[PDB]
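Construct the entire structure; sequences and hints are all you get.
Take a look at the letters that make up each chain.
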Amino acid sequence: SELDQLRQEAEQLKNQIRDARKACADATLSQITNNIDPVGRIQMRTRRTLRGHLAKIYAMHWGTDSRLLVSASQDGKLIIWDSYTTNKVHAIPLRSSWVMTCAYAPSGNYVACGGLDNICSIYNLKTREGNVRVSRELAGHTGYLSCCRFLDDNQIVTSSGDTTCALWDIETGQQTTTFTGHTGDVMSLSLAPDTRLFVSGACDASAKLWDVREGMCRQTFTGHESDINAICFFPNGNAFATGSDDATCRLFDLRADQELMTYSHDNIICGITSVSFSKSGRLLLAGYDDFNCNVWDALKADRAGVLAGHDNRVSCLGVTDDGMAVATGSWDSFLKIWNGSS
Amino acid sequence: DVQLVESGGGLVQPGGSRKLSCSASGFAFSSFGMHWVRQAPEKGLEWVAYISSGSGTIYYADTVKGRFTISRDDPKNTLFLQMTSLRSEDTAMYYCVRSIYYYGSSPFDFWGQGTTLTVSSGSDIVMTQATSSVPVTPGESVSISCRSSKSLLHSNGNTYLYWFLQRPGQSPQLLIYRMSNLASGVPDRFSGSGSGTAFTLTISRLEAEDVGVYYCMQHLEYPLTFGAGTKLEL
Amino acid sequence: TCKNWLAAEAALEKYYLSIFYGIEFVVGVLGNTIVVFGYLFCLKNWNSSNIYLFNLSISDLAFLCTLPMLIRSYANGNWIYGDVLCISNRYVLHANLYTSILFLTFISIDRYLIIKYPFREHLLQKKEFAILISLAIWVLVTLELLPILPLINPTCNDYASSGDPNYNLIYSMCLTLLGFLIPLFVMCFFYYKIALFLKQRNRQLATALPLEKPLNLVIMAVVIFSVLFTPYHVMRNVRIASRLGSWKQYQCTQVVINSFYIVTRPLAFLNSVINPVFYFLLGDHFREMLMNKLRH
Amino acid sequence: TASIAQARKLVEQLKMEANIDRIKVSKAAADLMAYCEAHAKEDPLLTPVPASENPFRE
Amino acid sequence: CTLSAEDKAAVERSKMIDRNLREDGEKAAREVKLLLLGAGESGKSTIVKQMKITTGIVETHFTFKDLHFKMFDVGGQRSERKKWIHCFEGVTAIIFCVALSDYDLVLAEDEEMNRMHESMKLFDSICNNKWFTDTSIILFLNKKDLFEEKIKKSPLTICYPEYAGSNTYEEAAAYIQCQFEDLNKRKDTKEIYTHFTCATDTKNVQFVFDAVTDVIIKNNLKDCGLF
Ligand SMILES: O=C(O)[C@H]1O[C@H]1C(=O)O
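Chains as they are written, first to last, in the entry's author numbering: chain B, 2 to 343; chain S, 1 to 121, 135 to 247; chain R, 10 to 163, 171 to 312; chain C, 6 to 63; chain A, 3 to 55, 181 to 354.
Some clues are possibly wrong.
[As the list claims (entries may be wrong)] When the alpha-carbon atoms are kept at most 30 Å apart in a straight line, the in silico DSBU-like pairs for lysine-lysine are as follows:
id : chain 1 : residue 1 : chain 2 : residue 2
1  : A       : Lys-349   : R       : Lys-53
2  : A       : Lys-210   : A       : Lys-257
3  : A       : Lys-257   : A       : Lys-314
4  : A       : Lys-248   : A       : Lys-210
5  : A       : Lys-10    : B       : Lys-127
6  : A       : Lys-197   : A       : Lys-51
7  : R       : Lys-309   : R       : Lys-229
8  : A       : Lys-197   : R       : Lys-136
9  : A       : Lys-317   : R       : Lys-125
10 : R       : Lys-229   : A       : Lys-35
11 : R       : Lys-135   : R       : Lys-53
12 : B       : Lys-337   : A       : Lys-209
13 : R       : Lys-209   : A       : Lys-349
14 : A       : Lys-192   : R       : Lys-125
15 : C       : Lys-20    : B       : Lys-23
16 : R       : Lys-215   : A       : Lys-330
17 : R       : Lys-215   : A       : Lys-345
18 : A       : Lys-314   : R       : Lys-125
19 : A       : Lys-54    : A       : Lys-29
20 : R       : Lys-215   : A       : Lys-35
21 : A       : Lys-248   : A       : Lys-270
22 : B       : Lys-337   : R       : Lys-136
23 : A       : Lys-314   : A       : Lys-349
24 : B       : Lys-127   : B       : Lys-337
25 : A       : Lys-345   : A       : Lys-248
26 : B       : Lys-15    : C       : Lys-29
27 : R       : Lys-125   : A       : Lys-345
28 : B       : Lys-301   : C       : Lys-46
29 : A       : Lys-54    : A       : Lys-271
30 : R       : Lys-135   : A       : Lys-197
31 : R       : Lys-309   : A       : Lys-312
32 : A       : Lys-54    : A       : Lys-317
33 : R       : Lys-136   : A       : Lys-17
34 : R       : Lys-215   : A       : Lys-349
35 : A       : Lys-330   : A       : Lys-270
36 : B       : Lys-15    : C       : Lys-20
37 : A       : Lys-192   : R       : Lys-209
38 : R       : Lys-53    : A       : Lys-257
39 : A       : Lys-197   : A       : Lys-330
40 : R       : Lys-135   : A       : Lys-349
Worth flagging that the hints you see were computed from the coordinates, not collected in a lab.
Structure representation (structure tokens):
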């Protein structure tokens, strides 16, 4: 038979890859970092509280100027906040109220959203009239849209529940590239700082690294036991972190091609909803189902602090580009800005 | 396109009354605050009145308080100025101006065409433009200076100074807002800088359409004073 | 034969009043503190029902916070806090009593309006109107209780045994009519309408037929109020009318009626200890919301 | 047909994957430590900033 | 008092936005939201047509006796249901459609599991979900006319080995309804409203209206502490 031959060849290739990875694992990161001082105890306080949403908040995203942000709720509203003064700049009503993601253009001129309607809608913020209007509606996915990120004013990459990712052209509305290879729903994606590669995580408990220009998969990372809900990229672009339903976070290195550290505790038995890094990459922030956020020493895998103050799930969090504040959204319909105290 | 059209001018005997109308088209009228500004014959600009978005705030100049009333009608997209007991110093051309206020916006960015009105026979910030006329030739570079009696720099990083240019036989046009930013549709030759009280506007090159009068205005506090502009000659 | 009557009256005023007042104080302050803390911490949205119930609890606490001086004075047998403290204790009592009485009837009206207009589409179901009505209730009760100042002027006795019986009788009858009977009738009318609606609804469908329980609670809300409030007013008015010169009994009957007024006094205050359990703690949602905060 | 094509695609992807070069874990760990150390002083969350320079003071 | 003029104007704009948001929320809070479910083809489209008279999620709006309904149909979502069912946590009710004529048909996948036993599994999964612990279910049993004919040709013992056996419509309908209603475990905080769907288009919206009115009244009584 030929099916058995191909299955055996695939198994042999998997064994060869496992042996090649095991060859280069000489010492663990804990042993290497057992000679650096602990970060200490991290304490943060709530500076602002943004109210005005009437239902669960599902996503948020910072602007590149570290002052404006956009948030999406299932009451059918996108809201743009000025965080310094708490003022609302724009409120945008959506045609479909089942939104699950939102994005902010790095130029500051456009916003994007999508959800259970399988469509990514683009909104223009700078018009001769005083209103915000829809610019384009990208359609072509056969499952719910779970994430979207801008590359420039004319390019955007999305992940769908039909086990696929896509790179679009906003001016024409056509899919420029398609990324297939996952066997489960793709739940998140993250762009590298140079925007030449991106990493995705799916419900088959695996993550993948994709080349944007050539449109193929270079590397596949496994090790989790359940679905991966969140993914983030290390500041220097050579590592990334994943959060999953098995109540652990994990760190992967691109050049070593394997997992470096696991962040878990015996008192945590809930899934991770969101994950992010600090400006230097020393701290890792993760949001959980048990209503609070945990701060981890990335290099030593120790707990360092807790952000508490929400009455329901922490569904989204983000860190500014200058690293001055954190933002957390929640199912209790509030957003909070957090800062450290000298 | 954005349009503001004015009506209601003409000849009026002293002590009479008149109503001026301003009809808007091409933009979300209800979300903009609106201003009435006027220009006396062979003189400079002078702010008259302001009505906010939703008509929750109203401001008048001290020289017209008690005789002028500003109102808006949003369903029909109209702005009205009703004026009574008209003295001989009210003969002028009136302009309808739109302005919107949020973080990052550009107020005073569109002006109407204006309508003419002919009448038969205190702690305000002073804005000073020393030079009143300049001859110049194409291809060169020009600097225009403006000075203030108060520091326009607020304690939030913003300096509230605006630049306008009026070509002959035309309405004023915005060039620079908040002392550094460039308006939409304006060439990149124009630039602005300053400090506290002294401000300058520079034209890196020059063309044949930059002739006219240049005005500096302050938006730090009402009553929103102007300064007598500088005329550029060929 | 009224020697034994006088001895029994002295024993009652010495022990029964102090004991009942102490029990009522402790239980009521505990319950009302629990309810106030729960509302102030584990509550996000506020509607008319929440406002009325919160004000009722606040009035109950304010009323209960004036017992210890009375208990101590009755135990010792004299007043050791000053006359101004006499006019400052015996005034707050009655004002808070009648404020709570009015808040109960407004609770009944709101319960009728919730089934008359679901989705809360009536003007009376708005928070601002509820706050305005609460302020009006407080101010009106204070105004109606102001004419009690010159009568309790002092060594200071109870209200019903001080002053000329003529003005006492006039004000007592006026206050019994304008502060007890009208709210009772309004409450009875609106709860009757609610009962009719709930009977028809269960008669027009099979379902689980569970709407007998709210019908039971509707009748209990009416029974408790009347049972605890009526005898106090009857005995107070008859006691004041007893002192009248025209009704010169000139026998032991003067003492006995007085005793019959003492016993009814503390039980009438029972409504401020029953209320937190009946209107808040018996509800499943309030208990679950408190349990969730206990878990956190 | 369909299963054969799927298996062939999987085998080709697996063959393409096992062609990169992997550096030692110690080098990657040292690189992460070096990056974290070099940028430590520019992290307001790790090292809090004085209240005169915090934009979110209130 | 330390705000510049433009700051005050921005604050005024923000206040107007807040007012509009509150008005929109008040308007939207006075509507009934229903989630429509069923296993495969079970007359669900027929019910949609009855109440009324690719894109991911389908919404239908209608009015009956001065009340507004919003019915959500999610049959086009072929992805994992576990990842988006919690979006519908606060609906008023769930309408579950079941075809009575499927008691002897077999899904053409394994040729071993009949369609009715798949509908029972779906109903068990939805009724005992953690997001729907206090949500009422309106159960529609469609195709009674076809069931009446199919009863004679095929006995009900094909699907239920433990049936006592009456082989009549009156007893078979009751048996099937009992089997479906027996799957509700926490039958204290949840109710089931069962209806045998008829051809007429006016006796179905009335039943939905009655059930929704009952649900709203009980919610209000529970809120007031009387239930
Ligand atoms: O004056 C009264 O009767 C009331 O104060 C209460 C008491 O004396 O117990």
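Evaluated hints:
1. A/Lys-349 to R/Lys-53: Cα-Cα ~17 Å, so holds.
2. A/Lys-210 to A/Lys-257: Holds, because 13 Å separates the two Cα atoms, which is no more than 30 Å.
3. A/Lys-257 to A/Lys-314: Cα-Cα ~15 Å, so holds.
4. A/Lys-248 to A/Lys-210: holds, 19 Å
5. A/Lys-10 to B/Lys-127: holds, 22 Å
6. A/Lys-197 to A/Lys-51: OK: A/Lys-197 and A/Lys-51 at ~14 Å, within 30 Å.
7. R/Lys-309 to R/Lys-229: The given pair, whose Cα atoms are some 28 Å apart, holds under the 30 Å limit.
8. A/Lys-197 to R/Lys-136: holds, 28 Å
9. A/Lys-317 to R/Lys-125: Answer holds: A/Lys-317 to R/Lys-125 is near 25 Å, not above 30 Å.
10. R/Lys-229 to A/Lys-35: Given pair R/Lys-229, A/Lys-35 holds - Cα atoms ~28 Å apart, limit 30 Å.
11. R/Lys-135 to R/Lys-53: Holds - the C-alpha atoms of R/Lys-53 and R/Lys-135 are around 16 Å apart, at most 30 Å.
12. B/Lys-337 to A/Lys-209: Holds: B/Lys-337 and A/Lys-209 sit about 28 Å apart, inside 30 Å.
13. R/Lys-209 to A/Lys-349: holds, 19 Å
14. A/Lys-192 to R/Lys-125: Holds: A/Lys-192 and R/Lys-125 sit about 16 Å apart, inside 30 Å.
15. C/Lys-20 to B/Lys-23: holds, 18 Å
16. R/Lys-215 to A/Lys-330: holds, 25 Å
17. R/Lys-215 to A/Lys-345: holds, 14 Å
18. A/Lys-314 to R/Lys-125: holds, 29 Å
19. A/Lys-54 to A/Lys-29: holds, 22 Å
20. R/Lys-215 to A/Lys-35: holds, 28 Å
21. A/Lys-248 to A/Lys-270: holds, 20 Å
22. B/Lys-337 to R/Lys-136: holds, 27 Å
23. A/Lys-314 to A/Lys-349: Holds, because 17 Å separates the two Cα atoms, which is no more than 30 Å.
24. B/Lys-127 to B/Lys-337: Judged against 30 Å, a Cα distance of about 27 Å means the pair holds.
25. A/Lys-345 to A/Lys-248: holds, 29 Å
26. B/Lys-15 to C/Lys-29: Holds: B/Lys-15 and C/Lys-29 sit about 20 Å apart, inside 30 Å.
27. R/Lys-125 to A/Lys-345: Roughly 14 Å separates the two Cα atoms, so the pair holds.
28. B/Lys-301 to C/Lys-46: Between B/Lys-301 and C/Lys-46 the Cα gap is close to 19 Å, so the pair holds against 30 Å.
29. A/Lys-54 to A/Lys-271: holds, 21 Å
30. R/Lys-135 to A/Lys-197: Since the Cα atoms of R/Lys-135 and A/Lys-197 sit roughly 26 Å apart, the hinted pair holds (cutoff 30 Å).
31. R/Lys-309 to A/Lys-312: Between R/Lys-309 and A/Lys-312 the Cα gap is close to 27 Å, so the pair holds against 30 Å.
32. A/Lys-54 to A/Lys-317: Holds, at about 27 Å.
33. R/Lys-136 to A/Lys-17: holds, 20 Å
34. R/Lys-215 to A/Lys-349: It holds: about 17 Å lies between the C-alpha atoms, which stays within 30 Å.
35. A/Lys-330 to A/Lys-270: Judged against 30 Å, a Cα distance of about 15 Å means the pair holds.
36. B/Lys-15 to C/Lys-20: Distance ~9 Å between B/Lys-15 and C/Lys-20 Cα, so the pair holds.
37. A/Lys-192 to R/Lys-209: Between A/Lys-192 and R/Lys-209 the Cα gap is close to 24 Å, so the pair holds against 30 Å.
38. R/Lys-53 to A/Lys-257: Status holds; Cα separation ~24 Å.
39. A/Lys-197 to A/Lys-330: Given that 30 Å is the threshold and the Cα spacing comes to 19 Å, the pair holds.
40. R/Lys-135 to A/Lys-349: holds, 20 Å
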